[PDB]
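Given next, in structure tokens, is a single chain: the form deposited in one PDB entry.
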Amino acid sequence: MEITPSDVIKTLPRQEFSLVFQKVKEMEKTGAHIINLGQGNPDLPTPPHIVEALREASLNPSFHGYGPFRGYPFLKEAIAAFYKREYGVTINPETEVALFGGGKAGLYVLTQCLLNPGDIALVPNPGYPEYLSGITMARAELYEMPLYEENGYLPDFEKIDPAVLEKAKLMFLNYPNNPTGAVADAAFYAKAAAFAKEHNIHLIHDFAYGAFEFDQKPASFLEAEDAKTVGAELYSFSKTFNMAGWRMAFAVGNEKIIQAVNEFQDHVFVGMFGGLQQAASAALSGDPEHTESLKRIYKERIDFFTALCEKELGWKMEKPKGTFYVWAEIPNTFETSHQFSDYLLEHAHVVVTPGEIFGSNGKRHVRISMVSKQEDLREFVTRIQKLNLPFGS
């Protein structure tokens, strides 16, 4: 008779960017050729040694049937070996690792495990909009931590109203940062961990861009003293290895957090395809020069693109410290980012991400991703040049 979705469905936050993606289709069907610098989809293929590890693994009939609920020990061991090689961090593979079907699933599981209806989650502004999903589906309340350029886009924890710290049960942090490009160090992480320890806040660090800091090796949150006491770090295969489509991620950290994850997941999953696990293990154990090479590709695109914007458009952009995103100020003749991104879409047929989809503190920037080939980057600039916008002002 009448189909009735649950309240969790009715209250789901609107995916605001998806409306742009739809306008794109309606334009590309009218004849528009769109250059899309709005999304974080790696353009380059998964390295062939990873692909071949999947292809070989899939022939093993041991992976055809049900596997361990919590994943294969060989992958958890690869994860521990990886964290030691890359970050100098000691991880117990048997107690401190959990697997996820991508970071997005990990964020949902982690919030369901750590947030009660009515609890407060501390979330950065600007910040990855998907943080909102898990929090809303947990029926919890959001409290913003503003990231200002003056503070290097790191939150000031003493600015947080002490009135919320009792209800505050979870905090998100993300460095190297989407969308700002900013980076954090061991000292910041130590401070964060000290703060969470004092006010009993579970700390989830989103390390999706942990391979991509240009001036130095990125620090893991888990390098900080007391990080393992208060939190966990979410690591994705998506960006590091051009494995976005493969849907793999893991959490490393506090064994009590990991236990709660494992309990939840025992009710919903039976691990994941061992062919995928073996590919993940070949990714982690593989030559890190592949990832360094990938980092140099992004850095070249960043250098090429920002130099070209400045010369051709008079659009000066700060070079990011990490990630493949450029966080660019909009012309002061536009009031908001949605208005500027809409103007560029309509008049130049290009896509940038309006900064306000990351929160109110993004309203005067756009996010521009460097996951496109050189000539697409060039054609973006060529098209915008015709608009004659006052980027110089």
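Numbering follows the first chain given and starts at 1. For clarity, a rigid core is taken as the largest C-alpha set superposing within 1.5 Å between two forms. What changes on going to the form deposited in another entry:
- Fitting the two forms on the rigid core leaves the C-alpha of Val20 displaced by at least 2 angstroms between the two forms.
- A displacement of 2 angstroms or greater separates the C-alpha positions of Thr333 between the two forms, with the rigid core held in common.
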Contents of the next structure:
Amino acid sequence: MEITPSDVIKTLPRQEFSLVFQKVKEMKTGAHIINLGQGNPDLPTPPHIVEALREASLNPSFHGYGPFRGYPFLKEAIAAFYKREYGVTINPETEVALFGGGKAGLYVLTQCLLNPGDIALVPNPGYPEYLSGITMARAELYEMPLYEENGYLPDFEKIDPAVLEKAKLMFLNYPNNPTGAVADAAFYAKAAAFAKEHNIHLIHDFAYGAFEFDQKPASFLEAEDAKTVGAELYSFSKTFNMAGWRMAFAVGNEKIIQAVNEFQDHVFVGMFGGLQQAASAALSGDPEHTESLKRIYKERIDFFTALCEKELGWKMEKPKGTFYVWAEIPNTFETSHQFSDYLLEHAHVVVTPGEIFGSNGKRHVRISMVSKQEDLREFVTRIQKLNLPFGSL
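So that was the form deposited in one PDB entry. Now I'd like the form deposited in another entry, please.
Next comes a single chain, given without company.
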């Protein structure tokens, strides 16, 4: 019989993937399911990015194989974006690697950085895909608990010094999926120093790096020692409404980037030059596009949380970043998975059960602000019609 290696089905059950499947399966017809589960941007890519792709696709240079490591124009664009947005200086020739989206970036970084038997420090709650690369690398996982009281920042002192002896890699994610928590330059310097002291490679997942509402967002690479110990993964998916386009990059330590390049040389031949040109247009575009998108999300969050609170008494802290609301489940309901099933079956809305993000996600759900006002009001309206007590304590 066909016998796949054991590790594949030893990865998390692709819950967003089981989510798209059950949803499509719910189709009188594709019933008006208000899907606030997956963080799938609802607004179109800015027309100037689309036009850069349309124009690029006519250039026959991009039809054949290109540079393995991506086009120098994109790497220079990424340098310029980082200087503009965060005042960081990046050497585009040695400190930049291209990826087919952030998911792909996390996987590759992990394979280049972790050996069997090493420990990887992973935040709980946190993005489930951190476990995927760790699993594929046959490495061990240690959870750093993220608690609300600490603004969902890790307490590095609370980690077993034995765990620390075997730790080779740590993941951090701010602005945070799923909690909406933000971090400033201060925490990044603290994190980088901890990483330096214990000789741990630091991967900062900056997928929502455009979306902090209560200050201009800080990059991990603004910290002292940041470029010595790690790398920052940046996705186009959220910043530019480009989730479909599958593009991302990492900036950081030239030695990490060299490992990435050596890996990717065997798996990829860069990526479609048309996509790279579109990426370049995104990065060089006027910051007003991204600022507008941040206002859209900030107003949807303001609207949703105020409406949930007024009408349902369902209290939610306003996130300071990302487009996610991290809501405690009312006491009327049982576990996160049972609550999420219930909402989908009875109202016809999708939220993501918090347990997906780790055991500290118990009794929470993640709600993504990826719909306009009417859809968000209707979500609350459909809940209100359930006639269950939703009030918080």
